[PDB]
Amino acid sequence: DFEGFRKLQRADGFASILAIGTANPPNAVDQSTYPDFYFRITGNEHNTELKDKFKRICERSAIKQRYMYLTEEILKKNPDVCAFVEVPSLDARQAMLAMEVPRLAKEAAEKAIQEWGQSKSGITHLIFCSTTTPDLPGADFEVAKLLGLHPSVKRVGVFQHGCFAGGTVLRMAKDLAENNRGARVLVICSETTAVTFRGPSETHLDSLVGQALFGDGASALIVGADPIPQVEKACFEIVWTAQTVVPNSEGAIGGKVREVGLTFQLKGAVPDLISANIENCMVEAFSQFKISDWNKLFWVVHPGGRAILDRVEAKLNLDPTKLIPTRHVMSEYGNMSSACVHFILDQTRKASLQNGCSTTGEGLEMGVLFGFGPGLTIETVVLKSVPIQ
């Protein structure tokens, strides 16, 4: 009865994505205009040297747009946020965060929930991810509250992991769904530049990189194993996952929560470091399925930057069609951190539909999903598309 309590307790098939919800703040920022706006709101028009370094950066970021909670209104009222680090500004950011992060998350759940089609009362687990969370309880408690989730929903907050959390969230979703029969996991990633936006400094060119690539956004997935026939529609199946630390990459990507808010540190080595180890990951994940041709899988890569994508595409020489949904997202949404990959997952199943593809993975049956962040950490996830009738 005890060894019997286990089998009945766990689920059957693979944890599957039964819905995908997305949301962003109202302020769409045109990248072609950001350089003038950025240097004007921070009061740095007098430093023509920097501006050109930033312009070059935005102009080569492959990002044409980004949604930002931070608007000129909020910035003119928060001069401390416009400074580099000469004055503290954590508490003001923290307030923005306690309000915005949960708000974007709910908006994403509400869409995911609706698509899913079942009562929110059926959600058993909640996985919440954000670069940071301002208080105790974390944002996971706040979002559950706002959404109206049952009080016995088991929450897990994933804070301060990094841009790779988009993958770890799926790795966690997978184990939650498959070890608990009849379970439905609500997986949410919510990010804003409110905690990281700050003024430019010539002596901190890396931080200037983050000011041109980071954008706001929230994604919501409903994950569950053993979907109900004719009721729940799965569009992806989470097959296998792995996490690793790239060798000799210590300090490559990092951040610090300090009195001046969150500080971003990024080494020029990241692209190299990811390219030189991305293949190992592939053989470790796909050889077990007897797959050696990378181009036979569909792709979902975290858009950490234009250079990183071009590298991976070369070291693996994936054809030009692989990073299309991924670049589609980066272009229209920028680097929304952990949320990015899920936005691409929706972009992928969308294109598949609008193009008469045999499956949700653009005709291909299997695919990989990548997460890159502080570590440097590499998060791998093997998917299984679903056939579209």
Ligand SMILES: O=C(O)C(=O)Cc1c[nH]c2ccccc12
Given for the second form:
Protein chains: 2
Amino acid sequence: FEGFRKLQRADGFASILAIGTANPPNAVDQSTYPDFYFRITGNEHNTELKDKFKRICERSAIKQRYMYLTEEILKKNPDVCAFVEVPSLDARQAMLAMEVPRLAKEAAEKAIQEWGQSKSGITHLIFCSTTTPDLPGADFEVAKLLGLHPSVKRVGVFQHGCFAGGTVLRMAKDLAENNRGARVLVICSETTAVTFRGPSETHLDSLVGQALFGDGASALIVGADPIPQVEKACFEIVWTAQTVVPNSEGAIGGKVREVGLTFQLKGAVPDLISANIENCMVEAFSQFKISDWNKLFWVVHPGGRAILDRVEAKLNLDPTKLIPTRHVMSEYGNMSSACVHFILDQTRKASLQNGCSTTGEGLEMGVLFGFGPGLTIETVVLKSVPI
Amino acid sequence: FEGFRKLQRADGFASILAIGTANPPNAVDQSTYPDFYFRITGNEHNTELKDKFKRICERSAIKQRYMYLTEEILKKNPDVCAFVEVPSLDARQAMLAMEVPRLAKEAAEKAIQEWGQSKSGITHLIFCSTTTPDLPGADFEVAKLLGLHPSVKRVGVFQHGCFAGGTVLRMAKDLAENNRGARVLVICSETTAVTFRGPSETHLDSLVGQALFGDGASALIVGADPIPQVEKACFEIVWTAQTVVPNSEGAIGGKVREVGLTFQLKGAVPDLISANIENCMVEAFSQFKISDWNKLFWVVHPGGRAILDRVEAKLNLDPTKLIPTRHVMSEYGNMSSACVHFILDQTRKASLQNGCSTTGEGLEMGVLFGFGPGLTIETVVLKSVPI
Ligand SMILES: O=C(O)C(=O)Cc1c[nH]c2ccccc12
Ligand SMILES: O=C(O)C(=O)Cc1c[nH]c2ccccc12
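Alt. form deposited with the ligand bound, vs. the form solved without the ligand above:
The complete assembly is shown below, putting the previous chain first.
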């Protein structure tokens, strides 16, 4: 059995071999959203509430978001336009059963095409979405739509939230490294069909969510020991950690109820994250003898403009570190778990296009952060690949 | 980094170092359940439906089940006693928020006691439950109740279902083996608070479940490289697999809706499982030169008496192979994901008191099966420990 364990496991670091992304074909301009949102939900006369929302959108640093929900769909689903005066879970579950796997399939097909190998080689599937409507979970439906082998080992990551873009990489590292030849398809698929609802002056935090959350799905192929000249790695998953900021459970949260998924957000989030991020960095990089955070490439979950500004200030990052992060937030908004993967894609693409020496803007090491309910912080140390 | 990867990972097989279990205090006698169930749900007048249920309970091979739901709680929650006439999800979520973590904590405390080491040594937490009400998921709440370190790495396994007892072992193996020094707390906590509802002539495929499902939580400590004369392993997790039986999506399933979690179990389940179980065995054991299924110890998810009877017949298993499995089903009923861990615990404890040479009834290799929505089959190959 000794030789068995040694041959059963893989040799090198888990590496990202492909990244694919997808979004609903409906771009929503942030500049005109306040009027649209208040009109479709039937609150056009509530000028003060609309003005509060207008202010939130204007300072969001989000230019547009892609949304599965269209005026036509909302018109056919008035219950989703209410706040909580009527139930709407069942209608939302029907939407999720269709849209989450659809976006997941689209992103995965792109990742698989880049990877360039037959899907018969995919051995595992890690699927993540804020919620899933039934049993089987969406991991089953996505595998079915993709025509994966019945024997693909699946793991569904539900109700983890915005930090899960990090969680799935942490999970993928162990699956890929402990199984020789394993090729893990990792997918994050999110849609506001589960969170969209009318405005309420007594729940301004929900109002912030209506201005920031967007739809999208990301897909990665992760595996150790990439085949020379056949597969191409863009990043290596070196080390990971997960931690909870003390006394902050109510900072970010959600509840699955008869009115669908409701969520709460506290203004203290930016401070809470920035006050604990330095320790995440030291614990992650002391072992690599790195103390200058500007010598790393960055990927940060774009939970909100304030969060990015606070982390940037607190860690004294130069104005260029968060360019890829802010770029994604501006073009897609907060797509929950999928965000950091879009940012990784933007990072490697900008690197190749700018003639950088590595897929990490010319730097060797990098850090990826996921933030969410807990308050939870996922840390992922990455290594770029020479170009 | 080469030396880093080697130092980062563990040396041997993931091993179960402790097993603890827990159940609600209310023991429900199966012999008197039909009268109680039809009375509390106001179905006393439906004689034919009651007669059908009586026979189901009488042939269930279940003597009792532990249930969080008591007549008192049910009396205070009439919405939970209805079938689907009124919404009941919110009430159920409140029950789940309290009970799932409570049972999980009880089981985990016992596992940690057996293990005998400081809980500060726990590095990961894999938590499983059919559903979870909010974000954070129950994994967060359980870690909090147990006083685990904020940096414990968590993974919640929700809406996977009855096969997840195998799923969490498959996951624990990679986490334990790819992380030197890692000690993974694995917990499965289930309660019928989410599934209990009145019977219905229009949904007979949902009737059997009310006679079989019970409550319970299991907890294990999994880790590679046990400390000599300090920690003690009872089983090693050697190899795992997961597969889906062709065209059987609707055989076992559930939906989270406004009336709570509804489910369906088709009568074809026993046949579907037995017709695919032989292939699972060949794929798992051919590599170990084992072809005689009676040379292995067994742990089978007790989804129902018929499944067990059919598997035993199909594989021509000796009458002693499923004794532990049937014993757990008889004393606890179908506790979903937790079942197989209760059975593992019974297997090792009996082996030690019966004078067997190993924790696997004197045999070296064994197999553990999880069955659930898909229809999905989880195969886990285990190795016993000498006694
Ligand atoms: O960006 C973050 O940290 C969030 O958790 C925001 C978020 C997006 N979708 C949600 C659903 C429920 C709770 C929070 C969120
Ligand atoms: O024993 C099995 O295979 C089951 O899946 C039974 C079961 C227990 N709890 C459930 C909740 C939803 C769907 C099925 C089950």
